[PDB]
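Student: When you get a sec, could you build the whole thing from the sequences and use the hints?
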Amino acid sequence: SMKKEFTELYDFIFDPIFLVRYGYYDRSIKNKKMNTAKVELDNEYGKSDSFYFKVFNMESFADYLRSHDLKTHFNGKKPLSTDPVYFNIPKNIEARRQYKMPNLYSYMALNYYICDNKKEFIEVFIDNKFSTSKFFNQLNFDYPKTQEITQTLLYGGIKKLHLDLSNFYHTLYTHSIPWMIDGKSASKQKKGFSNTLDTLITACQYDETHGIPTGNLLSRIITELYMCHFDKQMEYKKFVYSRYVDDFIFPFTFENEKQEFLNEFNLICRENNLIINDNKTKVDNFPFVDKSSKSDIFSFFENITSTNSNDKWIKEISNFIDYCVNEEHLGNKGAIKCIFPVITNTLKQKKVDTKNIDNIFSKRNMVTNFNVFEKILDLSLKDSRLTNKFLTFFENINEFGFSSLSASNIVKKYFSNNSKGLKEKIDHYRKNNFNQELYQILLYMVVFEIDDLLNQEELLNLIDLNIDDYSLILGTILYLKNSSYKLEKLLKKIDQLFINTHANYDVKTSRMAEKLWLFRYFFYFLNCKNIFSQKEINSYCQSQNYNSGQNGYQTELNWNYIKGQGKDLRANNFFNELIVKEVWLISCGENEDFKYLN
Amino acid sequence: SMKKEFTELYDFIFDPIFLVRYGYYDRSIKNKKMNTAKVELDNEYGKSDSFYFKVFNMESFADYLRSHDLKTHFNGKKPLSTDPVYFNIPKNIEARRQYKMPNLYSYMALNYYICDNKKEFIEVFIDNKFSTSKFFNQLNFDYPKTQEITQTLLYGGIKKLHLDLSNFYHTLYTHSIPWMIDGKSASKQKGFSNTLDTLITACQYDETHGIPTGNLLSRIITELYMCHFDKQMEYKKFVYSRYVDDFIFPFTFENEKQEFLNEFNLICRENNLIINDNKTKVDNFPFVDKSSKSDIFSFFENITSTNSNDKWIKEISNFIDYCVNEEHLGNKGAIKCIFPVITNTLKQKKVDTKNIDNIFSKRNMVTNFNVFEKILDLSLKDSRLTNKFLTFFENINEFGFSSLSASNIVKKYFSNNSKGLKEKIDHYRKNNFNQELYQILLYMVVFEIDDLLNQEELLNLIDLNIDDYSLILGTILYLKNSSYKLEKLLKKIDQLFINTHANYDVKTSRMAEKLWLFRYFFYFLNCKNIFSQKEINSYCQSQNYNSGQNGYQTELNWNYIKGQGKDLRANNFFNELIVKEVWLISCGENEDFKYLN
Amino acid sequence: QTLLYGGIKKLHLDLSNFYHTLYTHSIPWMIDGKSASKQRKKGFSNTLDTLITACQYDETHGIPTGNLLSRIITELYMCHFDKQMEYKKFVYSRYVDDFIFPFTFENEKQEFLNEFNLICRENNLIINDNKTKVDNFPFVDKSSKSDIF
Amino acid sequence: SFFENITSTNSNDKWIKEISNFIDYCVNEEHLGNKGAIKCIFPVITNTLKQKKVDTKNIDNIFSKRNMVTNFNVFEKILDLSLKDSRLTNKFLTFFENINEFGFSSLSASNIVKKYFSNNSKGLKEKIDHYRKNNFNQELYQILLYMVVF
DNA sequence: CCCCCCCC
DNA sequence: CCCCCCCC
DNA sequence: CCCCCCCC
DNA sequence: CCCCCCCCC
Ligand SMILES: [Mg+2]
Ligand SMILES: [Mg+2]
Ligand SMILES: [Mg+2]
Ligand SMILES: [Mg+2]
Ligand SMILES: [Mg+2]
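As you go down the protein sequences, you meet chains A, E, C and D in turn. Under the entry's author numbering, the letters of the first sequence match residues 0 to 188, 191 to 599, in that order. Under the entry's author numbering, the letters of the second sequence match residues 0 to 188, 192 to 599, in that order. Under the entry's author numbering, the letters of the third sequence match residues 150 to 188, 190 to 299, in that order. Position 79 (the fourth sequence) corresponds to 378 in the entry's author numbering; numbering is contiguous.
Please keep in mind that the hints were generated in silico from the structure rather than gathered at the bench. Even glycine gets a Cβ: it sits at the ideal position worked out from N, Cα and C. Relax, there's no trap hidden among the hints.
Derived pair list, reagent style DSSO-like, types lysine-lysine, alpha-carbon separation capped at 27 Å:
(1) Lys364/E / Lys383/E
(2) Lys295/E / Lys383/D
(3) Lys383/D / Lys239/E
(4) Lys334/E / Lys158/E
(5) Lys295/E / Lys316/D
Derived, one-sided and incomplete: chain C residues facing chain A with beta-carbon distance under 10 Å:
(6) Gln150
(7) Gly156
(8) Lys158
(9) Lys239
(10) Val241
(11) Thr254
(12) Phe255
(13) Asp297
Tutor: Here's what the structure looks like:
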C-alpha cells in the first residue's frame with residue numbers, strides 16, 4: 000500500500016554509501032538495480048544538475064566503502080571543524096546562489112549520524128502529508144508524481160495562495176533546527194539529537210551558523226525535516242496545503258480562511274527567523290493559471306520522420322530550440338531544460354540512421370556557417386546550470402553516431418571565433434567570483450581538448466586565491482595536458498597558493514581541515530602516483546632552499562610532511578587512508594590520459 | 000572646522016553614563032547642558048520614538064551611576080548570557096520589526112567595553128566621509144545639516160543610484176563583525195572585535211542571528227560595521243552618501259554604475275548582506291524630491307491669535323489631513339511633523355492659555371467633533387506615534403489644555419470603541435503585535451481608563467507572549483483599582499514566573515532569563531511593601547510553600563530568588579539596585595501610578 | 150543565428166524613415182568620407199548620387215524606394231556603415247536599417263551606442279527610439295510559424 | 300511665491316537654507332513636467348534679493364559662507380547644478396555676473412569654483428575626454444569657459 | 001533500469 | 001524550379 | 001530701460 | 001537649551 004512503498008524508498012536512501020555515492024553531488028537514480036557494486040565510472044545511470052560525473056564523482060570512494068568499514072574513524076564525538084568548497088552558481092541573469100561543498104571527512108561524520116538516527120527522519124516523513132519534496136526526485140518519484148500529489152491537496156479551492164521563503168537555505172540560522180524539531184522552549188535548557198545535528202552541520206562550514214551548506218542530498222534531507230515539522234505545526238492548526246521545499250500553495254475559498262492561515266504562518270516564521278519573500282506572494286483566482294504545459298513542446302517533432310531531409314532535421318531542431326527559449330521567457334519553467342531530452346528521445350524514437358545523425362550535427366553549411374551543435378553549445382553558455390545537461394546531450398548523440406572529433410572541432414572553432422569575448426568573460430568571472438561560469442568554460446576546454454584559448458601565463462594566473470577547487474583542478478589538468486609547458490612554473494603558483502591559504506589559519510591547523518582540501522587531495526594523489534616527477538619536485542624545492550627531514554621536504558607540496566602537521570589529524574589521517582588505497586576523487590579518465598571523450 | 004565639531008560630539012556621546020541615561024531607550028538631547036546632574040522627573044528634555052519617558056526611563060539608574068562606579072562590578076571574562084525583552088513593533092500596515100531590549104546587566108557590560116575602547120569607534124568615525132547617520136541625531140546635528148552633507152557628496156552626478164540593504168539589523172550575521180573590522184581571512188585564527199561579538203551575543207542569549215535593535219549601543223556598533231564598508235569602497239575611488247543601510251551613488255556613465263554595483267555586491271556576498279532589490283532605482287536628472295516640507299511648515303502662515311477658536315479647530319483638522327495625504331504621496335515623515343508644527347505654531351502665534359483649552363476641549367453640539375480626539379485617533383493608526391502623541395499632549399497641557407478635559411476626551415473615545423478596542427487587544431495578543439498592545443495599555447494608565455477591561459480581562463494579560471512593558475502596564479492597571487483583590491493577581495504572576503523558569507537549566511538565575519524587567523518591577527514593589535507583606539504571606543500559605551532562612555521560598559520572594567543560580571553575577575547586579583532604591587519604572591509623583599499634571 | 154553567439158542580451162536598433170529621409174549627398178560621405186567629399191565630381195560615389203537625384207527631379211530628400219536598384223544602393227551605403235563599425239571591434243546582424251547587437255555587459259551596450267550615434271549624426275541618420283529595446287535571456291521570439299504551417 | 304515669507308531680518312543661514320531648498324523645489328518641478336522651472340531658479344533668486352533689499356555684506360556671506368560643520372556653500376551648489384545641463388551656462392554666468400554686482404566677491408567666486416575643480420578633477424577630466432570622443436561641443440565649452448572666467 | 005523528458 | 005510558405 | 005522671471 | 005519641527009534599523 001502507501002505505507003509500504005514509502006518505506007521501501009526511505010530504507011533505500013538512508014544508507015551511508017548511497018548518501019555519498021549519489022548524495023554528495025545530489026544525483027538521482029530511477030531504479031534500485033542501478034546501485035551496482037562496480038565502479039561504472041564511464042556511463043551515467045543517474046543524473047545531476049551540479050558537477051560532471053565523468054571528472055568529479057565518488058565511485059572510487061564508494062567502492063572503498065562497501066569493502067571497508069570507515070565508521071571506526073568517526074565513532075568518537077567532538078567532530079572536526081572543516082572548511083567546505085565555496086562554489087557560487089547563478090539564480091537569474093542578475094542574481095546568485097551559494098553552494099558549499101563540505102569537506103569529505105566532516106561530510107561522512109554527518110552522513111553516519113543521519114543514518115545511525117534514520118528513524119527520527121523516516122517516521123516523520125511517512126506520517127507527513129503536505130510535502131512533495133520529501134522524495135528528493137528519487138526512484139520512481141518523478142515530476143508527474145509530485146504534481147499528482149499536489150492536485151489531491153488542492154481540492155475545494157476556488158483560490159490558491161502562494162508563498163516563498165526568501166533565501167531559505169542560505170539565511171537559515173543553524174540553531175533554529177532544535178527549535179523546530181524539539182521546541183524553542185525545550186532547547187533553552191544539551192547533547193540531544195537536534196543539538197548534535199546542529200554541531201555536525203556547522204562542522205561542515207567552519208562552525209559558522211548563517212546558512213546551511215547547500216548543494217548535496219544531506220542538506221536537502223535535513224532541510225526537509227525542518228520543514229516537515231513546520232507542516233506538523235500547521236496540521237495541528239487544521240490547515241491543508243502543498244509544499245515543495247520553501248514554496249507553499251494554500252487553497253481556500255473565503256478571504257478569512259486566507260488571512261487566518263497567513264497569521265498563523267507568520268507566527269512560525271517570526272519564531273524561527275524565516276523571511277517571507279513578498280515579491281512572490283500571489284493569489285490565483287479560478288479559472289486557475291497554469292503556464293507549465295509541455296504538451297506543445299513534447300509534440301514538436303510529431304510530423305518529422307527518418308525519411309525527412311537532413312536539412313529538414315537541422316532546421317527543425319534549430320527551430321525547436323528557439324521555441325523553448327521563447328517558452329521559458331513566457332514563464333514555462335524548465336522549458337529550456339527539455340530541449341536536450343526531447344531531441345535525444347526523438348532521434349531514438351524516429352530511428353534516424355546513425356550516419357544521418359552525424360551529418361545533422363556535423364553539417365557546417367558552407368553558405369551560412371551554421372552548425373546546429375554549435376548553436377546548442379552556445380545556448381548552454383547562457384546558463385552555466387546547463388553544463389551537465391549539454392554534456393550528457395553530447396554523450397547521447399555521441400553514442401548515436403556523432404563523431405567525437407567532429408564535435409571537438411566545432412567546439413574548438415567556436416572558442417577560436419569568440420576568443421576575445423571568452424577571455425573578457427573569464428576575467429569577469431574571476432574578479433566577481435562567478436564560480437560555475439568559470440568552471441563551465443574550463444570543463445569544456447579539458448573535455449573538448451581545447452588548447453588555443455589561453456597561454457601558460459594566462460593559465461597560471463588561474464591558480465590563485467578566490468578560485469573554487471573545481472576550477473583549479475580543471476585548470477591544473479589543462480596545464481598538465483600540454484607536455485611543452487614545464488611543471489616547474491606550475492609548482493610555484495600551486496605551492497604559493499598552498500602557503501598563502503594555510504597562513505590565514507592558526508599554525509596548528511591540519512591542512513585537510515582548511516580550504517582547498519579537494520584541490521589539495523587532487524595534487525597529493527597525482528604526486529603519490531608520480532604524475533609529478535619526483536625528480537622535478539626536488540628541482541623546485543631546491544630553488545626555494547627548503548629544509549628537509551625524514552618525512553621528506555618540509556613543503557606544503559609533500560604530503561608526508563603535511564600528513565603530520567597540526568594538533569588534530571583526524572582529517573589528515575582520513576584522507577591518508579584514501580591516498581594509501583589509491584582512492585581517487587577526480588577521475589583521470591579511461592586511459593588515465595585526462596581525455597574524456599572517445 | 001568639520002572635524003572640530005565631530006570630536007566634540009563623540010567625546011560627549013562615548014561616556015557610559017550618557018549611553019544608558021539617553022541610549023538605552025534611544026533618546027536624543029539637543030544641548031550638552033541638558034545632561035543635568037538632577038533627575039529630570041518632570042522635564043522631557045530629550046526626544047525618543049520608543050518608550051514613554053514619564054513611565055520607563057533610566058534617570059534613577061543614571062543617578063546611581065553618578066555616585067557609584069560599576070566598572071568594578073563588570074570587569075571580568077566570559078559574560079553571562081541574558082535574555083532580552085522581545086518587543087515587536089510595526090514597519091508598515093502589513094509589516095513588522097523586531098526590537099530586542101537587552102537586560103541592563105548585559106547592556107551595561109557592552110556599554111563599558113565600548114567606552115573603554117571608544118578609540119576604535121571615534122577614530123573610524125571622524126575619518127569617515129560618506130556616512131550622514133554617524134551623528135545619531137544628537138546636539139546641533141539635525142536633519143537639515145545631514146542633508147547639506149549629502150548634497151555636497153552628489154556633485155558631478157547626472158544620475159543617482161539608490162541601494163537599500165534588506166532587513167539589515169535582524170539578518171546581520173554577528174560573527175561577520177570581526178570580518179569587516181579586521182578582515183575575514185584573518186578571523187579564521192580574541193581581540194577587540196572578537197569580544198565585541200561575544201558581548202553582543204550575550205544580550206540575546208548567544209544568538210548570532212541579528213543585533214539587539216532599539217538602543218543607541220547597537221546603532222553605534224552597526225555604524226562601525228558600515229563605516230568599514232565605507233573604507234573599502236573609498237579605497238576603490240568611489241563616492242556616495244549613506245544613511246545606515248541606504249546608499250545614494252551619484253554617477254554619469256553606465257560604466258560607473260556597473261563598476262559600483264559589482265564591487266558593492268562583492269562586499270555584500272562576503273559578509274552575508276542581502277540587497278533589497280525592490281528599492282533599487284536610478285533617478286535621472288532633473289532629480290525627484292518628494293520630501294520637501296516647505297508647504298507643511300508654512301501651512302499656518304496665514305492664521306493668527308485674533309482668529310476664531312473654531313477656525314483654529316478647522317485649520318488644525320485640515321492640517322492633519324494635509325500631512326497624512328502628503329505621507330501617502332511619499333513625503334516621508336510628514337505625519338511626524340503634525341505634532342511639532344502645531345505646538346510651534348501655537349507658541350509662535352502667541353495663542354492665549356484659555357483659548358488653547360477651548361480649542362482642544364471643545365465638543366461641537368452638532369457634530370460631536372473634538373480635535374484632540376481626532377489627534378488621538380490618528381496616533382492609534384501607527385503605534386510608533388505613541389511617544390509623539392504623549393509629548394504633544396504634554397506640550398499643550400503646559401500651554402493651557404486642561405488635564406481633566408483631556409482625560410475625559412480619551413475616556414469617551416474608549417467608551418465609544420469598546421467593541422473595536424477589545425477586538426484589537428485580543429488580536430495583538432494572539433499575534434505578538436506587542437507594541438500595539440503597549441500603546442492601548444499605556445493610554446489607559448496615563449489617562450485613567452477604568453471602564454474598559456474588567457478584572458478577569460486584566461488578569462488574562464498576565465501571560466506568556468506578552469512583553470515586559472505591557473505586562474508592567476497591565477499590572478499597574480490592576481493595582482490602580484482598589485476593589486480588585488491582590489490575591490488573584492499574585493496567582494497569575496507566580497504562575498507566570500514559574501512557567502518561564504521551567505524552560506531553563508534549573509541552575510539558571512532568574513535575572514538572566516526573560517521577563518527580567520517585569521521581575522524587577524514586581525520585586526521592587528514587594529520590597530517597597532506596595533504588595534502588602536501580610537497579603538504576600540497569605541497567598542504563600544495558600545500554595546503550601548515552604549519557608550526558609552530568606553523567606554517563603556517562592557518566585558515572589560526576591561531574598562530567596564536572589565541566590566538560586568550557578569552564576570549570580572546578574573542577580574547580584576540587580577540586588578544592589580533594589581537595595582539602593584533604584585527604580586527602572588516611575589511610580590508617579592505621588593506614587594499613585596498617576597501621570598497627569 | 151551565428152552572429153548573435155555569446156550574447157546573454159541583444160540590443161535592437163532601427164533607423165527612422167531611412168529610405169525616405171536619406172540625404173543623397175550623404176552617399177558619397179559613407180563610401181568615401183565626409184572630409185574627403187568637401188574636396190568634387192566625376193567620382194564613382196558622386197556620379198552615383200547624380201544618377202539617383204536625376205530619377206526624382208534632382209531632389210535629395212530620400213531615395214526613390216520600390217525598386218531593386220534603390221535596395222542595392224542602400225545596401226552599399228549600409229555596408230560601409232558596417233565596415234566602420236567592424237573596424238571598432240563590434241559585431242551584430244542587420245537587415246536594412248534594423249540592427250541586433252548581442253552583448254553581455256552594459257559597458258558594451260554603451261560603447262556600441264556611443265559609436266553608433268556618432269556615425270548616425272555624421273551622415274544625418276535618425277534612430278527610431280520607439281523601437282529601441284534590449285532582450286534579456288531567455289530571449290523572446292514571437293516569429294514562430296510552426297503552428298501556422 | 301517661494302521666498303515671499305522671508306525678508307532681510309532672517310539669518311544668512313536661513314537664506315542659505317531657503318535658497319538651497321529652492322533649487323531642489325524647481326528641479327523637482329521640472330522633473331514633473333513644469334517646463335522651464337529650472338531656468339526660473341536664477342532670475343527669481345536675483346529678483347527676490349532686490350525686492351527684499353538684502354544688505355551687500357549679507358549677499359557675500361550668503362554666497363561665501365562655508366558652513367564649518369558641513370562645508371556646504373550655496374554658490375557651489377548652483378555651480379554644480381549648471382554642470383548638469385550645458386544650456387544653463389549663460390544663465391549661471393549672468394547670475395554670478397548679477398550677484399557679483401550685488402556684493403559677491405569675485406575673488407571668492409573664483410576660489411569656490413577652483414575648489415570644485417580641485418575636488419572633482421578626476422571626474423571632470425574623465426568627462427572632458429568623453430566630450431571630445433563623442434563630439435559633445437557645448438559640454439566642453441562650458442568647462443573651458445568656466446576655467447577662463449574663474 | 002525498462003514512451004519517458006520539467007519544481008528547489 | 002523542384003514540400004515549400006514569413007523580415008525593411 | 002520702466003516689476004519681473006517660463007514655450008522651441 | 002535658545003529658531004525650530006522630517007531620513008532608519
Ligand atoms: Mg526561496
Ligand atoms: Mg532595509
Ligand atoms: Mg525603420
Ligand atoms: Mg523597419
Ligand atoms: Mg532603510
